[PDB]
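Below you'll find only one chain, the form solved without the ligand, shown as structure tokens.
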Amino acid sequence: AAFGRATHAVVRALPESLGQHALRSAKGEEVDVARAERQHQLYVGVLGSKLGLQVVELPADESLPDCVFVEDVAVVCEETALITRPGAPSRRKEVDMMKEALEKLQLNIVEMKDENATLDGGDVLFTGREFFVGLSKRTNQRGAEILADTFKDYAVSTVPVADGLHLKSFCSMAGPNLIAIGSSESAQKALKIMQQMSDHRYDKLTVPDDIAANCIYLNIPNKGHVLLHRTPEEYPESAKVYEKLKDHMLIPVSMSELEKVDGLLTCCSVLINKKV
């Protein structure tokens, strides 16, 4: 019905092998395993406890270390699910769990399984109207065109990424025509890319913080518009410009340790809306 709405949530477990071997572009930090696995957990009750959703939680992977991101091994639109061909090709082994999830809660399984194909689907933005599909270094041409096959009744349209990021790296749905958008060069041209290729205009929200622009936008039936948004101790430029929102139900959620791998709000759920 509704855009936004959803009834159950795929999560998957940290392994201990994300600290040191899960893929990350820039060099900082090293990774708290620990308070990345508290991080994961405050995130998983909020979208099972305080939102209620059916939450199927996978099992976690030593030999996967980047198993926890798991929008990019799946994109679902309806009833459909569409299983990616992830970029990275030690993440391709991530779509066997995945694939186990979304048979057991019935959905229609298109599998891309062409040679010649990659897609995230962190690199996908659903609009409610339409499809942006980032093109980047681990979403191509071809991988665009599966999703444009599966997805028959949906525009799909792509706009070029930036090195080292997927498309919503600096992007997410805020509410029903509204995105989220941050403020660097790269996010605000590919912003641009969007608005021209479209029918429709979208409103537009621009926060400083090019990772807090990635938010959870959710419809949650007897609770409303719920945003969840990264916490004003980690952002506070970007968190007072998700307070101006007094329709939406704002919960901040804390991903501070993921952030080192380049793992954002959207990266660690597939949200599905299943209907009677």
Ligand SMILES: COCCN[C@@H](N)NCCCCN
The other form holds:
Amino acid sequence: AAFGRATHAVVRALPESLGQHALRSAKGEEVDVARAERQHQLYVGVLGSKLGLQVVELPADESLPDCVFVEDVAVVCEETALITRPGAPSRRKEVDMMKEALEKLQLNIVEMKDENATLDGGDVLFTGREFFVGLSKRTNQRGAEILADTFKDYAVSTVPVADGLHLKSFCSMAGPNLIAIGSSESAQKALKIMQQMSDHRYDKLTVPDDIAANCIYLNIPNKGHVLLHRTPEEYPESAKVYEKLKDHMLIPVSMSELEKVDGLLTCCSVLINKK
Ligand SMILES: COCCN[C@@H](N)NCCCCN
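Starting from the form solved without the ligand, produce the coordinates for the form solved in complex with the ligand.
Now the full complex is given, and it begins with the chain already shown.
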């Protein structure tokens, strides 16, 4: 009932400098920055226009090429916001605008300040009853410690993440007590770690493409149990798996341009529930 409720979405415009200077783990086609802006506008359109969330759009900062990926700089649970200390040096000033937006939303703000701590919000899976935090190139144990202290109400457990991935590079919540999970060995080992550490186990939805396991679940009262998932023209066989959720309002949303710079669906928004 309560899980996935949101009233506000914080997003951030992307900068033109993204196409050229955004951190990129794997190299391939270049980014069509104009097209990426169109896909990002369609995505904000789903959140605000279609689903009715109050969207706070932060302006783009050319000096922060990754500023569109707001998920990495803030983790919000109930009324408290953890402003993170991103692993990547170039991203650290992205917290300034985030701090200001969340102040305006009157959230309890905690700023990660231990200079031995790093945490990327994309490494944080909040399941509704606990947190899993990936230990990765961007998030270390000290960062997980600070998250645990900030959200003392919830258990926090760490999961090793290999190869410059983030935890949510291959998983996300697809519904109450339901983890969407990739089929790779790494994704499957991560899940069994999470399952063994939890108080009690989660249901799972296995999708063939790891990247397609990153989706956005929203409880919009009197609209539906909404899932934004990658399109059938991006990942056809994963999209078909999501179709089995006959009780969900399924919304295909493309992220094909920003995926080139490791940008998935959860990365582009911070969802908040204001009562
Ligand atoms: C859900 O996370 C998937 C991986 N990317 C997230 N973490 N940040 C976006 C990439 C920023 C660097 N260009």
